[PDB]
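Here's a solo chain for you in C-alpha cells, the form deposited without (2R)-2-phenylbutan-1-amine.
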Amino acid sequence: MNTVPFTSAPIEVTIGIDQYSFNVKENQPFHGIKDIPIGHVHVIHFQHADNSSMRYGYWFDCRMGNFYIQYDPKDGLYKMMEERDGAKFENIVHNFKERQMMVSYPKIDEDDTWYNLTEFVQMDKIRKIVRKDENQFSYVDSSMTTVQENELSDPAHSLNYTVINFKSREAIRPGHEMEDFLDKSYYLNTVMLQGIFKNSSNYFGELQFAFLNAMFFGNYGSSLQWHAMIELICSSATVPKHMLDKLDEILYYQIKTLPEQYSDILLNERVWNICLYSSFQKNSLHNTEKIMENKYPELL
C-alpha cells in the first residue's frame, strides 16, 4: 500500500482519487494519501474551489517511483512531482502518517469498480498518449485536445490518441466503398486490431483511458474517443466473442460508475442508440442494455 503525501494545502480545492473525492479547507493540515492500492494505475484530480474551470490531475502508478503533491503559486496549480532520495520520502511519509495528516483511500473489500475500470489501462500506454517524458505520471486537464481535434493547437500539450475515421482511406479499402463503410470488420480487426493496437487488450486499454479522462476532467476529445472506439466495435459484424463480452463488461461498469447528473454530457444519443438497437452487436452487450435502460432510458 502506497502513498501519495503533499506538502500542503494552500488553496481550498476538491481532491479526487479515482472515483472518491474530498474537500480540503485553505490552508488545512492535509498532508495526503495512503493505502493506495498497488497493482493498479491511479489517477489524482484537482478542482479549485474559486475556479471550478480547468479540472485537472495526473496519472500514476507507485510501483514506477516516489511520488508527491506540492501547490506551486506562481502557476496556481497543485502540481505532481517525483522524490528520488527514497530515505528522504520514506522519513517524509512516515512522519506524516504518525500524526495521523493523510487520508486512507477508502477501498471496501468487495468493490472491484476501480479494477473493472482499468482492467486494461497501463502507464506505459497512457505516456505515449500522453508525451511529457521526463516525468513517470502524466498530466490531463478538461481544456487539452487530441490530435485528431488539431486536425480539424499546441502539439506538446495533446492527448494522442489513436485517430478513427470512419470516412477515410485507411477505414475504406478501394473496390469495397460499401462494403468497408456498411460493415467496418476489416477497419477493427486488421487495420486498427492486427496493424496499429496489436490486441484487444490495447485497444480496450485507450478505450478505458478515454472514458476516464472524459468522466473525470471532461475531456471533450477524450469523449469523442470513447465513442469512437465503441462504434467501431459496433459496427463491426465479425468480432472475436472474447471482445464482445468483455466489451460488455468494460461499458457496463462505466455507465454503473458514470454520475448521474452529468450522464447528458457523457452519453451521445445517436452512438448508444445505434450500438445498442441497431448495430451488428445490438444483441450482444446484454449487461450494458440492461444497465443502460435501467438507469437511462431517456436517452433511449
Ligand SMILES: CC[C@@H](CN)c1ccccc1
The other form holds:
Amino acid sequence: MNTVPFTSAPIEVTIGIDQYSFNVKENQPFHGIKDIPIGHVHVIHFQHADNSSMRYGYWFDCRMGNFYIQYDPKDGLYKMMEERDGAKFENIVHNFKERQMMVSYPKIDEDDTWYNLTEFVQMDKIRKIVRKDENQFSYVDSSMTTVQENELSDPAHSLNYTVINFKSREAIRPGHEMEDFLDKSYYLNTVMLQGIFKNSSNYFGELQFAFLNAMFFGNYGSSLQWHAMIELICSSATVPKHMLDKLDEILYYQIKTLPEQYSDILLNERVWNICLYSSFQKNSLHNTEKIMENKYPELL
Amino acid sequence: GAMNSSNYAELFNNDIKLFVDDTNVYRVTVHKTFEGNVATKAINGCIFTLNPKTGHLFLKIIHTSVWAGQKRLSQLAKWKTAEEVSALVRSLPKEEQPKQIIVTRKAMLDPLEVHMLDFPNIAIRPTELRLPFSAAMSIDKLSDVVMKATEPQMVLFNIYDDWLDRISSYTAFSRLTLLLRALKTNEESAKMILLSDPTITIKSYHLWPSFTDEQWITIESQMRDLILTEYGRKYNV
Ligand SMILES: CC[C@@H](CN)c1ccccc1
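One more: the block was the form deposited without (2R)-2-phenylbutan-1-amine; return the form solved in complex with (2R)-2-phenylbutan-1-amine.
Complete assembly follows, chain above in first position.
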C-alpha cells in the first residue's frame, strides 16, 4: 500500500484519485492519500474551486518512485514531484499516518472497477503517449491536443496517440479500396496490431487510456481516439474471438463507470449505433449492448 | 465544400473540373421468372464524366460482364465508378488533371475520395444542384454506343457540339441542362421538338441538330413550355 503525501492544500480544490474524489477547503490540513493499491497505474487529478477551467492531473505508478504533490503559487497548480531521498519520504509519510492527516484510498474489497478500467494500461506506454522523459509520472489536462488534431500546436505538450484515419493510404491498400474501406480487417490486424501495436494488449491499453483521459479531464481528442479505436474493431469482419470478448468487457466497465450526466458529451451517437447495430460485430458485444440499452437508450 | 447557385460561375472559370454522374452505371430491367418470382437483368451502363467548361465528355461504357458473380451491385457500382474516374485522372497528363471533381450524388463522395487518396490536392465536392445528367441516355448517339458495346470502352464526345464557337460556356451549360431536363420530363415530346423539322439535321460528328442562333431561341422556348406543361399536367395547375 503506497502513499502520495501533499506539502499542504493552499487553495480550495476537488481532488480525484482514480474514480474517487473529495473536496479540500482552502488551507485545510490535508497531507495526502494513503493505502493506494500496488499493481496498477493511478491518476491523481484536480479541479480548482475558483476556476473549473482546466481539469489536470498526473498518471503514476508507485512502484517506479516515491511521488508527492506540492502546490506551486507561481504556476498556480498542484504539481507532482519525485522525492529521491527514500528515508526522508518514509519518515514524512509515517509522521502524517500518525497524525491521521491523510485520506485513505477507499477501495471496497469486492470492487474490481479500477482493475477493469486499467487492465491493459502500462506506465511505460503512457510515457510514450505523454512525452516528458525527465519525470516518471505524466501530466495530462483538459486542453491538451493530440498529434492528429495538430495535423488538422505546441508538440511538446501533445498527446501522441496512434493516428487512425479510415480515409488514408495507411488504411487502404491500392487495388483493395472498396474491400478495405468496408471491411477494415487488414488495417486492424496487419497495419495496427501486427505493425504498430505489436499485440492486442497494447491496443487495448491505449484505448483504455484514451477513455480515462476523456472521462477524467473532458479531453476531447482523447474521446475521439477512444471512439476511433472502437470503430476500427467493430468495422472489421475478421477479429480474433478473444479480442471481441475482451473488448466487450472493456466497454462494459467503461459505460458502467461513465457519469450518467456526462453521456451526452462523451458518447458519439454515430459510432455507438454503428458498432452495436450495423457493424460486423453488431452481435458480438452482448454485455456492452445490454448495459448501453438499459443506461442510455436515448442515445440509441 | 458543396456546389450550388451561389458559386455557379465557378463552373466556367479556368480551374479544370469534372462533373461525375453515376445514375446510369448500374441499369436493370425487372421481370417475372417462370416460377413467378422477380429477377433483374443488367444492361450496359455508362459513367457520365463532363468538363462543363469545354464540353468534353468522357463516357465510360460499363459492360454487363463487370457485374458477373458480384453481390450488392448498387454499392459496387459506386466503387466501380470511383475506380474508373481515378483511372481516367491517372491517364491524363498532369496539366489536364482536374483540380476538383463534383459528384452529382452524395453517395459517391467516400468511394471517390478513397480512390483518389493518391491525389490529395484534387477536391472532391458534392453539389446542391439537381442536374439532369441521368437523361444522357436519351441522347440517341450516346444510348446507341452504350447498348452496342460488347466490352468495356471509353468514348469521347463534346456534348456542346460546336456551340462554343458562338456562345459562352455558361450559356452552353444552360442550354445543355435545359435540353436534358426536358428529355427527362417528357422524352417523346422533347425529341419531337428537336426533330420535327427535317431540314435541320444532326451532323455525323454532332449529337444535337444544327440549329441557327434564332432556331435555338425558338427550341429553347419550346423546351421551357414543355417543362411548364408537364409541371401542370403533373400537379394539376
Ligand atoms: C518529502 C518531500 C518534502 C518536500 N521536498 C515534503 C514535505 C512535506 C510533505 C511532503 C513532502
